[PDB]
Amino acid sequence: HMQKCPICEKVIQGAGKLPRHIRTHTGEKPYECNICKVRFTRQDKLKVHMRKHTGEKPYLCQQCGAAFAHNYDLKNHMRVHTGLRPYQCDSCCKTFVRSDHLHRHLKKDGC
């Protein structure tokens, strides 16, 4: 369930997820694309890469017809139609539409 990496000593969660993390140290990339033969450290990244060769964006917006490569990217897009800005800075009260936009504002100062 939880284990420390023998190289970086950071805690890795999830059973069987340690070899995947160690590949970020060793750099080994077992999964290879059948077309461009670019190698990848993880299988889910290679699967996403194969869609780049076809241009497939399977997740479509119901309102504007916009296509996205990831289903969670489509949920981020729905905020354009709903106008919802769920992230807010408790010091400024300024709102954002993505979490990293709020994270960028907090690491600054003078706010």
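Only residues modelled in both forms are compared. So that the term is clear: the rigid core is the largest set of C-alpha atoms that superpose within 1.5 Å between two forms. Numbering follows the first chain given and starts at 1. First, how it differs from the form deposited in another entry.
Just one residue from the list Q43, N34, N71, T26 crosses the 2 Å line for C-alpha shift between these two forms on a rigid core fit, and it is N71.
If you fit the larger rigid part between these two forms on its C-alpha atoms, the smaller part is left turned by 48 degrees.
Core-based superposition between these two forms shows that the consecutive residues, three or more at a time, whose C-alphas shift by 2 angstroms or more lie in 53 to 58, 60 to 81.
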Second form
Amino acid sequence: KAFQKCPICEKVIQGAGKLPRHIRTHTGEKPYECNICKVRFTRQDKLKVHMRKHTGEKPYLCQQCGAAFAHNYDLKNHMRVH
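Moving from the form deposited in one PDB entry to the form deposited in another entry:
Excluded here are partners and other molecules; the one chain stands alone.
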């Protein structure tokens, strides 16, 4: 696909609009905010996964028995138990 060069550390970052999330590791900037617990995050998806704590959600449902888990690895461990 496409690649970018980091202006700060000469790192090569793959992704069209993915450079700013890499820059935020250097600037230490967390533009996103949890409306409930007010904790701030550098990436929107990291806020979304945090929101699964408040809005109790288990998207990783088991394809075998239907049980659902909040984290993908808890599903993996349950699947390996079968």
